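Consider the single chain below, provided in structure tokens and representing the form deposited without this ligand.
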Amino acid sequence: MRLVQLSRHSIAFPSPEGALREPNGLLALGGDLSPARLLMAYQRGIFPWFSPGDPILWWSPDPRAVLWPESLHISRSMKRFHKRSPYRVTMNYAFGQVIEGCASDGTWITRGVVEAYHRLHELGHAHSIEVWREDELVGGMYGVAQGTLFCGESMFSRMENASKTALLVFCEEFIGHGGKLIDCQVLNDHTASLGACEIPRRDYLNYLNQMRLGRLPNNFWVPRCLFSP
């Protein structure tokens, strides 16, 4: 259309300020899902999002949905449930099973996307949070790190409050160690109930430019247990 067709031979992107207003944030088309290109996209406030059979579409919406971790809304019923939680939460124990659980929920997460994000996980840039009921994976979430900003991709839940448990535990661990913001891309009723809000894209890009240079502790993303029953 009037979108920039990307090079199959370079990973540059047009500035997000140039995205379309309708559909909100559509910025470029094509390219590939190579690691360097995905990392360049996130670094600049862009993410791929397209349905099976579509060309790759890249986006940077205005406003941008974000979740300040200290503003996660946890209901009193959830507070009571978590006090007696039947779950164990871990980080980076089973990225493959987590993205698979999201995709089997997650129609935009095709085989190519799964492979692309698993590559990012192996390269140390994409991370999963797993929720277990004994030895059964019952929920989780994954995303891409950008310094002290975490870009949420998807989550899944196969047992009551499982995904909520992942987010609650992750937010506590993240904020306690220096994390500052979780990107949610677009607001919807679920994440809104969890406390997500909208900020102008300009402000989001400004937070990103500062935070991508920030660092969490050296071993913050090493596979480990975060919460036990």
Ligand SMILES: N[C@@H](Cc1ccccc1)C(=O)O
The other form holds:
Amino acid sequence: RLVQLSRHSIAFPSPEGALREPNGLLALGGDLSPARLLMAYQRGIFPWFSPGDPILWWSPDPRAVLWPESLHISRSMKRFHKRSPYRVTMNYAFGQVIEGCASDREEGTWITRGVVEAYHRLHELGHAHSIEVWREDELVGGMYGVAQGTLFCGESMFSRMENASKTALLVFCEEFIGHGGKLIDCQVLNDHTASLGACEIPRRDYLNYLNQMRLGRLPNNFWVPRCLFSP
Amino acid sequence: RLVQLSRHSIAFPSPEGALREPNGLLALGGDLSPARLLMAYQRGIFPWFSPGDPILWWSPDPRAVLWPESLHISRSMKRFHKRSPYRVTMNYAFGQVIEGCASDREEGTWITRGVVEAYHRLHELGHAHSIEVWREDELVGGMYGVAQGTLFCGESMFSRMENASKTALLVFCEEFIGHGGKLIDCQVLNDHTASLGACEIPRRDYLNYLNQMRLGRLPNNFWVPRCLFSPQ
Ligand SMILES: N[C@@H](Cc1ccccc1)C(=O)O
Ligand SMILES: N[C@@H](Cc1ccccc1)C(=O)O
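With the form deposited without this ligand already on screen, would you show the form solved in complex with this ligand?
Full assembly next; the chain just shown is listed first.
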């Protein structure tokens, strides 16, 4: 079933044809052009591969996801955030945020220069966005992802100061569900993500939700760079 | 006559007071801030000036216009589109379409970094939209403009491959007609646009439509990013 793409076409096979093991392996090759990525996210597919490997495309089953309103903020964290030392912005510094996610040296190692450029382009073309957590004047955390209507595909988050991540995920969610936001894609469920409320659902249901929310919208100025949380 | 705009205000003078030669010259100055720009379109005035010159605002008489249903499509173009090698999307890459137009060099030359940013702001705010034409993984054509209700002001189009721009306009028009679209402003008629079916009407006539149509309303999600036409 595994299909190998080419520059000749930006078309992906159907998600349903993905492999079980590894879970979701749908295709390889192609490029990371704005067009190909938009076509991919539009069909519930996303790129993920380690450096040195050809571009690998996925559509796992089940699919990890997170309902905004179902975010789990610990008792200790609400106390922390009630007196948060951070300020949160939107699309003020996409480059630093994804560089942050790339830096750490864990699941962000896949984010190579090539990946960085590709998503930075999407951010400029207006589809990939970032939330920035600030401590004083320095960036200590944040997250970025690709928007798909009222749906948000979370690519990655990073932190250089205690509770910076959660702060972004926390505030983004309030801002998100307050303006029509309906869903966040986590791709594959892990520990940190689970501890935040991420829950699995069937791929078919995810795709069902996907082309249901991609044609929706949020306020015109929702992604306009601005301040999301400042005491 | 004529009029210098002020950073202070954001108001414009009556289009009817514009010059005859050069046809449309109404005012000069101000800036390209979202507000002033948007107000200009409301009033049937648009900015146009060569790099180096001060901002120039226009409202020509007659005004070039294109009734969507009257878009002329040659028989060989129909043949081609039927087996089209192109993909058409909406608001996938506004920045590239405008940059694509700012390179047409016949006269996309007026489109400076200043103009690109100005229209890019309108796009960020949801007033300026783009229609892209893709050949495989390459952007080979498109068009962008400012939405005015059910009226649509075409700013420019570009083409890097045979019939690329004609399919953009063809696919757009279908989409546009389908959901209430009523008229496309073409500003000043030119050989190409005229062959696609564009025509001239009086400025007072155009303004009339503009006022009626700016109140119009397209589906709530008409402009969200999406594919409009997938090749075969
Ligand atoms: N794959 C990402 C999904 C995600 C990114 C950003 C915000 C929320 C979720 C993760 O595991 O963190
Ligand atoms: N002023 C434009 C009008 C137009 C642009 C794009 C699409 C349709 C019409 C031109 O002739 O370049």
